[PDB]
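Student: With these hints in hand, go ahead and build the complete structure from the sequences.
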Amino acid sequence: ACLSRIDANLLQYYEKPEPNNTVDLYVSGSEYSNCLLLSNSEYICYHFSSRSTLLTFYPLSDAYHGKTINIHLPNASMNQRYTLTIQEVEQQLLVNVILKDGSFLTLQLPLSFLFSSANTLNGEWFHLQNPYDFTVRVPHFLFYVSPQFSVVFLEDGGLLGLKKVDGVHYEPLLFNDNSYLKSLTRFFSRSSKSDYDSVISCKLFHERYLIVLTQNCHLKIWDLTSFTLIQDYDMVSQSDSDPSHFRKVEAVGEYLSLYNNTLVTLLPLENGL
Amino acid sequence: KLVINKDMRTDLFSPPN
Amino acid sequence: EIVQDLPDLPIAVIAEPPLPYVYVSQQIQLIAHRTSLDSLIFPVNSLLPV
Amino acid sequence: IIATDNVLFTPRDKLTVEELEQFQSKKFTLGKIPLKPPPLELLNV
Amino acid sequence: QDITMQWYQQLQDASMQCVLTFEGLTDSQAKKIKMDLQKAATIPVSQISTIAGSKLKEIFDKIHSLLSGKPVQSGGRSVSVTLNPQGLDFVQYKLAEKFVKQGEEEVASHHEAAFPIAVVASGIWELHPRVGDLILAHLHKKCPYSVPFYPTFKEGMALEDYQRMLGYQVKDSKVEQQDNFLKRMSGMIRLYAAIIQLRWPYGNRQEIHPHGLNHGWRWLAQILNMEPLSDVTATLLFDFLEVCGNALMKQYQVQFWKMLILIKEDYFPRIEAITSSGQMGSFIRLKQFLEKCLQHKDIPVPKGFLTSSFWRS
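Chains as they are written, first to last, in this note's numbering: chain A, 44 to 316; chain B, 3 to 19; chain C, 8 to 57; chain D, 13 to 57; chain E, 312 to 624.
Hints in this document: simulated from the structure, not taken from any laboratory.
Just so you know, not all the hints are guaranteed correct.
Taking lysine-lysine and the DSS-like style, the derived pairs with C-alpha atoms no more than 27 Å apart in a straight line are [unchecked claim]: (1) E:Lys569 / A:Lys143; (2) A:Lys207 / E:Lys453; (3) B:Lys8 / A:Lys59; (4) E:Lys465 / E:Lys485; (5) D:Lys39 / E:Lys608; (6) D:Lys44 / E:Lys608; (7) D:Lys48 / E:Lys575; (8) D:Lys48 / E:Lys452; (9) E:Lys608 / D:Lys48; (10) E:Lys569 / D:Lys26; (11) E:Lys569 / D:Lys44; (12) E:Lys412 / A:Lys206; (13) A:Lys207 / E:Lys405; (14) E:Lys465 / A:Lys207; (15) E:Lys608 / D:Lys38; (16) E:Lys342 / E:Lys368; (17) E:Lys342 / E:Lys405; (18) E:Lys350 / A:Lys206; (19) E:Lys614 / E:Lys453; (20) E:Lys614 / E:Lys561; (21) A:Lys207 / E:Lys350; (22) E:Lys598 / D:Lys44; (23) A:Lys143 / E:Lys608; (24) E:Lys603 / A:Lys59; (25) E:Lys561 / D:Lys44; (26) A:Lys206 / E:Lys485; (27) E:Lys405 / E:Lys345.
Tutor: Now the structure itself:
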């Protein structure tokens, strides 16, 4: 053991177990949390509540005196933080969230407002929108690609594109998908609740290539210039092909991350590959 | 005869039904 | 003090009020006259130190 | 062009005795608030 | 509410007569004209939120010019309406609806944008009252709660057709959610609540407000004299008083406070019974807004209100 654990409760020095400056924004955190670095060298923390109905932001380096912002959501996101994105566009925290009913919510939180004293926010800090009918084909994973472009992944296995035209409106740019035709085989159905090989992890490479990991641990690779399936590797047929049990991943998780041109993938064989 | 019972009351700051 | 300096009060606030210790002791007097000091709500051994 | 009403304050005379007593009361009556705007005489009543 | 529903029907069927007047606008070049008018009559309204008040007069004149007969720049070539009687009746329809769509897909997301859009809608209504009756027509259909009237569930008609009456946006497939629908309804009446209080400054207008602040008093009276709906009423009431409560207090000094010391005692207990604890978000903030105002005896100016600083820079 070469590392040790140093625990930090950012409010430890103070009597009040809550910052005096807390603001509750409303739209017409103990289930996910993360940090993100911004233009001003400051770290902003965020938390998505258990119900995925509340988003909370606070400054890492000034938790007590700085402002924590609670953004209340009309309903929960379709599939937790996996249907949520947060990126800093231009002096703003851009937050998109596909909600359970199908709506696609946009939040715009000015960088200033996050580090200001203000308890008020001016202008359109949120936009509701219904670009696709998610009642029929339910999505489960939202992946940011660019300020105007980002793709949606569906439970049945399909990808949807989402292109921003003006500043607000989004439109479906569908990808060619012939994976479904395995339905023709006696071993798969379109109607089956099993059989879906949905995406469980996804990374953007060199702005153009979209690397996806499926529940059956296939690495498929999509070229966004073509909008075409370029690659399809079976990750499992390389090592000892165990006929006994490979656990097809039954949830979205962090199963790969790339650095430069290297790429690690987490495959489940006793949860160890 | 007085009996304090903080347990089950009626929220004085919320409407009924 | 905001009136005597030009500022504006919060919306819906009706504009030299007694110092806090004066209003506090007004509250003690109003109770004492209503309960007569013979009450168990005037245990001087505990209330005077407070 | 379609008929629309353009009175900021309705005259005292054209107003009914029901609504007249509503404006003059220190408290309103639920379900009986006049739809027409109040008159000029009763803006401090 | 027969008096209101009659007037409601007038604007509705009278707009339907407009649906019939330009059915001929529904050739290769005739399609180019329809787009050129639909285009040069909705872009200007979309820029009202994104401009400086010093420049905001440019859009007003550009709408007034196009609509009065004068030409306007759309793209490269110049567009006109002179000797275009269907184009004139066509632009008033799309203009009136674009004002409502903006209150539907911009004011819902950003409450501050209601006021810069309201002044422009209020000045054009002032100069062209037919455009205003079309503004009320679409506002009424897309948002019946602005009439106000609560449509009732009826037997003999499909459920989907009834949900559209309530203002739910439905694709051919399914109905829109409720949370996004409450935002669409809010933004539409925050726009309407701003229209009935703001007046276009420039032009030297002798006459009265086109849709005066009187319609704001009756609306509050007309929704509080009927039984409230569970979540809509408590929401729309708040974002109406926050936008137009200040302008209504000044015009009706004592009569407005009597109406406000009433909802706390009589209409607020009514909302607690109809709504479960799971969706109290409307009624809970309806009180937070008042308790301040009640003890402050003043309603804050709506956040986003236009000031003089706006008109110079």
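Student: It remains to establish, for every hint, whether it holds in the given structure.
Tutor: Outcome of the hint check:
For a cut-off of 27 Å, the pair hint linking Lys569 (chain E) to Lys143 (chain A) is broken: about 42 Å separates their Cα positions. A C-alpha spacing of about 26 Å is found between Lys207 (chain A) and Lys453 (chain E), which places the hinted pair at or below 27 Å, so the restraint holds. For the suggested pair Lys8 (chain B) and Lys59 (chain A), the alpha carbons sit about 25 Å apart, so the restraint of at most 27 Å is met. Annotation: proposed proximity of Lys465 (chain E) to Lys485 (chain E) holds, straight-line Cα distance about 20 Å (limit 27 Å).
Distance check on the hinted pair: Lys39 (chain D) and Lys608 (chain E) sit about 17 Å apart at the alpha-carbon level, within 27 Å; holds. Of the supplied pair hints, the one linking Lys44 (chain D) and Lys608 (chain E) holds, its CA atoms being roughly 25 Å apart against a limit of 27 Å. For the hint pairing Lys48 (chain D) with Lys575 (chain E), the CA-to-CA distance comes to about 22 Å; that is within 27 Å, so the pair holds. The hinted pair formed by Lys48 (chain D) and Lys452 (chain E) meets the criterion: a straight-line CA distance of about 23 Å does not exceed 27 Å.
Under the criterion of a C-alpha separation no larger than 27 Å, the hint pairing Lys608 (chain E) with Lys48 (chain D) is consistent with the structure, at around 24 Å. For the suggested pair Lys569 (chain E) and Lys26 (chain D), the alpha carbons sit about 22 Å apart, so the restraint of at most 27 Å is met. Distance hint between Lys569 (chain E) and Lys44 (chain D) is fulfilled; the C-alpha atoms sit about 13 Å from each other, no more than 27 Å. This hinted pair checks out: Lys412 (chain E) and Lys206 (chain A) have alpha carbons roughly 21 Å apart, not beyond 27 Å.
Distance hint between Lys207 (chain A) and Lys405 (chain E) is fulfilled; the C-alpha atoms sit about 24 Å from each other, no more than 27 Å. Taking the CA atoms of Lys465 (chain E) and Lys207 (chain A), the gap is near 40 Å; set against the 27 Å cutoff, the hint is violated. Between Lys608 (chain E) and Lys38 (chain D) the CA atoms are separated by roughly 17 Å; this keeps the pair inside 27 Å, and the hint holds. Between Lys342 (chain E) and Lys368 (chain E) the CA atoms are separated by roughly 31 Å; this puts the pair beyond 27 Å, and the hint is violated.
Proposed proximity of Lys342 (chain E) and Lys405 (chain E) is supported: the alpha carbons are some 16 Å apart, at most 27 Å. For the proposed pair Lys350 (chain E) and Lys206 (chain A), the alpha carbon gap of about 22 Å is at most 27 Å, so the pair holds. Among the hinted pairs, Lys614 (chain E) with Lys453 (chain E) is consistent with the structure: their alpha-carbon atoms are about 25 Å apart, no more than 27 Å. Only pairs whose Cα atoms come within 27 Å are accepted, and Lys614 (chain E) paired with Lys561 (chain E) is accepted, the gap being roughly 18 Å.
Simply put, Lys207 (chain A) and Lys350 (chain E) have alpha-carbon atoms about 20 Å apart, close enough for the 27 Å limit, and the pair holds. Of the supplied pair hints, the one linking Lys598 (chain E) and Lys44 (chain D) holds, its CA atoms being roughly 23 Å apart against a limit of 27 Å. Under the criterion of a C-alpha separation no larger than 27 Å, the hint pairing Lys143 (chain A) with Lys608 (chain E) is inconsistent with the structure, at around 41 Å. Between the alpha carbons of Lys603 (chain E) and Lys59 (chain A) the distance comes to roughly 25 Å, so the proposed pair stays at or under 27 Å and holds.
Note on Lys561 (chain E) and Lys44 (chain D): the hinted pairing holds, with a Cα-Cα distance of about 23 Å set against a maximum of 27 Å. Restraint check: the Cα-Cα separation between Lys206 (chain A) and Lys485 (chain E) comes to about 22 Å, which is no more than 27 Å; the hinted pair holds. Distance hint between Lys405 (chain E) and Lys345 (chain E) is fulfilled; the C-alpha atoms sit about 11 Å from each other, no more than 27 Å.
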